[PDB]
Structures are given as structure tokens and as C-alpha cells.
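Residues per chain, in single letters:
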Amino acid sequence: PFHXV
Amino acid sequence: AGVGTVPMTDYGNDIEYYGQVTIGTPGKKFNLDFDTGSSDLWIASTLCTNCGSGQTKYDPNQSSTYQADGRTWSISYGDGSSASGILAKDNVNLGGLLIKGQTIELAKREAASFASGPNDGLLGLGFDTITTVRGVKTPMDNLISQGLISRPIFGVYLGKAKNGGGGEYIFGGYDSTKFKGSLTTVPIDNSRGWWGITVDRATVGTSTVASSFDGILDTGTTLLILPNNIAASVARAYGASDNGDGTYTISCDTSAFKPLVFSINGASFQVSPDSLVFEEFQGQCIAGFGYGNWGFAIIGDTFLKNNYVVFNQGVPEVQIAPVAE
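Residue numbers (the entry's author numbering), protein chains in the order written: chain I, 2 to 6; chain E, 1 to 325.
Excised from the complex, chain E in its bound form:
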């Protein structure tokens, strides 16, 4: 793969996307979930006492570039999953870019959901204002300051399991074979440490289901999570029924549905009919959109697997275009 190019693996039905990262000297390969909603790089380690037997664990003793650190860390994600441990320093190779002396977080403890998932840890791609430990420079910060990328951007392509899966992240560039037409520039609000954008409106056919709302681009979230009123409005347009747990039951037959269209900075971006269904279990389908009690939307994989995004940390801003498919 080209310089800074990281091929991704699509886990299950577009649940998450992970890539291989080499840490240490000589180094081990780790499968990390690439998360634009967080800013900590943590990995399962041999200091962990409740980690999965299937996870690959970082072993300080086997890295000649390991450097001890006296600080501890703890994190808790949006769904309550958590992990904790100690800080360390080592080299990280991201698509051939060798970041020297990156602060890495070794887990001593992790939630059962991490122990049973496909990840060895997470790579945070949010802004450095939300690292859990103050003074920690994120991998993007280090790629820029070490001169490993000449433009402070990363291009993101998330594939659809229905089309073969895959995905690809490119640090320092983007790939126009993955999208169609012209990219639309959208300003980013990073005041809360996330990639925040404003959606002008949302329509289903001729119906305006929502007026302008703010949301965050989160590759680490599976669904499109909307504020309660907006979610209900969307659900009514598709005849979806509320499961009372933040999810909806929708018809498995999407052949009759119109796309969920977002108007962003004057252009149209959509959630295609097929993406309206997340998963099918014993003939019942769970929708690709859900609800949460926040005033902003979490624009997750349901949306990102339909739209290519170029993330620019420098401005900050994003460039979006419909996926080529």
C-alpha cells in the first residue's frame, strides 16, 4: 500500500473498522479501531488481568524502545465501556510512517465488551483537547510535528459488508477513486474536541423531517444516533417502531424506502435505502438510525459508509463527497 495508507477490516455488518498498527522495536502488529470520536491510543498489554485471550498484547519487555512513565489513565466511552492502565512511550508505525516516541496507554483492566471484541485497542483521531491525560500529543499531532505528513489531513473510506467490506485510511492524502463528483468543504467546530458539523436539514422524499442540527463525525460509532425529536420524526417517515432501548425495528424490505438525505453546506449527502437496516436477526431488522438523549447527533458508520470524508485537523474542516459505488 502507498505511504501512510492503512487498509481496514470491516467487522461484521459494518459494526466497526480496524487497521493494523505496528508498535515497538522490533514490533508487533495490533488491530486498532480507528476512532474520530476519541483521542487516546490504548492497547491490551501483558499487565492486563481481565483481557481477552484472543487479543494481541503489548509486552514492554519485548520492545527495546519501551520507556516507562509514572502516569495512569482511565477512559469511559459513550456506551459506558471502559479501560484503564498506565502510560508508556514507544514507536508507532502507521502505514509506513514511523512516529517516534508516541505516548501509548497500556491497559491493566478493560470492560468485558473489549475482551470479547475484535480490537486490541483504539487509535484516537479526535482533537488533543479531549485526551484523558493532559499534555499527551495525539498521533496526528506527532505526524505533523515530525514532518511525516505534509498536509494535516487523513482521507477516510469505509466499505459496506454488502459490497465486500474493507475500507482505507490515508494519512496525509486522499483517494479520488473512492468518491464521485466534487468534494464539498464543510467547516468544523472543534470546541468540544470532536469533529462537529452543522447539518442544514434532513428530508425523506418531499418531507422535511428535521431542520438544522449539530452533529459529530464519529467513525467509532456504528449507527446514526439522533436527538429524540429528530429520531422520532425520521422513524415516522419509515414506519419504524421504537424498541425502547435507543433502537428501532424497521421493515427488512428496504426496496420501498426513499433515502435519508442531509443538506450540508449546500450539497446533498445520503444514507442509502440499504443502510437504513443495520442488522437482521431471526427475521427482525434493527434500523441504521437510533436515538440518544443528547442535543447533537452522533454521525456514525451508517452515514460514513455512504460518504467519503477528508479530515483536515489544521483548519479545521472536512471535505465530503458521496462514495463511488
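In isolation and in its complexed conformation, chain I is listed as follows:
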């Protein structure tokens, strides 16, 4: 998964 700041 990604976790964009």
C-alpha cells in the first residue's frame, strides 16, 4: 500500500 505528506 501507499501513504501519500
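Don't take each hint at face value.
[Said to hold, decoys possible] With the Cβ distance kept under 8 angstroms, some of the chain E side facing chain I (calculated, not the full set):
hint, residue
1, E16
2, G37
3, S38
4, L47
5, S74
6, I75
7, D79
8, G220
9, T222
10, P227
11, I230
12, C285
These aren't lab readings, by the way, just hints derived from the structure by calculation.
Every residue gets a Cβ at the ideal spot worked out from N, C-alpha and C, and that includes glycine.
Here the structure of chain I is known, so what remains is to put chain E in place on it, guided by the hints.
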């Protein structure tokens, strides 16, 4: 597609959603991840020395509208992925809307995870208070000031891979074929530069698993990440087990689960049973919800692929309705 309409591509099992953006003159097409959790527009470039051979790279020499800038930038996302490079100015075409003189950030270096992903870069849709370089106007800021949109909004539809994938962003409007019933207006707290909302409560069946909590609408985050206590409460309701890495192992069979329902500004929004499972690997399923050490939730794709959202930067506020499916 209509004016300001950007068809999206669903990568893998609802991992992320990217759209094509044209940058430069005559211009090249780039696949950018649309991220409401950040506010920098960066792209892989021919100045990059550790970029992916598969990424499309912006080449200043091939754009007659490229304008050099002496500033540098560096970014680090929630998961530690990063990139850095130099600033530049060029034109950006978003769904037929030509933004003139947009500040773009060319990568010189990027994390291996970016080098191996499907993205050529990211398009930040958060507020301008969190751009990494002070004074940078975001694409939404420029669409408004150049008069490219008449209402300071964008409608977001994220599809489900189980139903064919896809998604669609509409800059300056929304599409009612994508949702059912009436939109519910929810006030936004942009004090930290994000699309922050308050969830009144969360229930599973008759059980109140959580009381009010704050969260941020982040299209750039795959899962629904909850503060530790709330995540544990939810996990207990589904018999999920903690993998000790921020993720849970859940039964692959969701036919018996009740939906995770959020009460927001007086209406019900849910994470459907099917969305409780993120991925299945050699018969083990990873849940669609995880935990993090923050006091606020990161309301990612698990939730957004079930609910249409109209983002209004002007108020600011959001309008949400269950997806039509």
C-alpha cells in the same frame, strides 16, 4: 471526455489511481498519482539518476515553454518514500484545461518504490499551506486564478477493481451518475493543509466501535488507517489479527461481515464488506483497515472507493454520497 474530465486507471487491487496529464510544448503525457494528501506536482525527469527505465521522463530540452528556476525541492511522504530535484515552470494540460506557467518539480533522485511503481510522478491536491517550497501556487490555485474552473471544486469517483476498476476526476464540476441519493455537506478543517473532517462515530452492527475522531481525506493512501485504540476496537469486531506491522490479517470470506459504518454530519457512509479485504496472498487476506501512531485517521482509498466526494477548496467543504453501484 468532457472539459476538465480526467479518466483514471486503478492500479492493482485498488492500490492507487492515476490519470494522464500533458506537460510542455508540444508536450508529453505523464501518469500522475492524484493525491489529496500532498501539494507538490513532481515528475521524473532526464536529470534523474536513479529513476525507473519504465517511467516517462520530462525533458526540458524538448519543451519550448520550459523556464529554468534556481530553487531546489525535497519531499518525504507518510511512508518515508521521498524524491528531490529542482523547480521549473511549464504548461500543464489537465483534462483539456491548459494551466499556463505552473511550477513543476523535476526529480533528480527518487526512492526505489517510485522507480518501480506505475507513476511518473504525483499531482498534489491538498492546500497550498503544505507545498514544500514557499510561494508555490498549486494546480487548483492556478485553475481558479486563470479562470479555468468557475466553481472551486473537483468531483472524485474511484472505482473498484472487482467491478472493472477505473475512476474519474472532474475539475470544476461533478457527475451525479456516480452516486445515489443526496450529497451531504461536511465542513473541512484545512488548518494543517489537509482535507480534515470529523467522523461522529463508527459502528459495526449494533456495536459502537468508535466515538468521534478526526481524519483526513487522502486519495494517495491505499487503506483506512486508524489511531491505535480505534483500530483495535474495529479489529475485535471482525476477529482480525494484528500482523504487528500496522496491518491485520482478516478472514478472506467477507460474506458474513457487516459493513463498517461512519456517521458523518448526520448521514451514514460505509466501507462495504468486500472492501474489508485489501489483498489476498497465497490464501491469507490483509484487511482494508490498518493502524498508525497518529491521533487522527487517514481516510484512504478503502473508504473513498465506496463514497463519491466533491472537494470544494473555496469554502472549504466536501459533499459526499454513497457510490452508485
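Find the hints from earlier in the document that the structure breaks and name them by number, from lowest to highest.
-> Checked against the structure, the hints that fail are numbers 4, 5, 10, 11 and 12, while the rest are satisfied.
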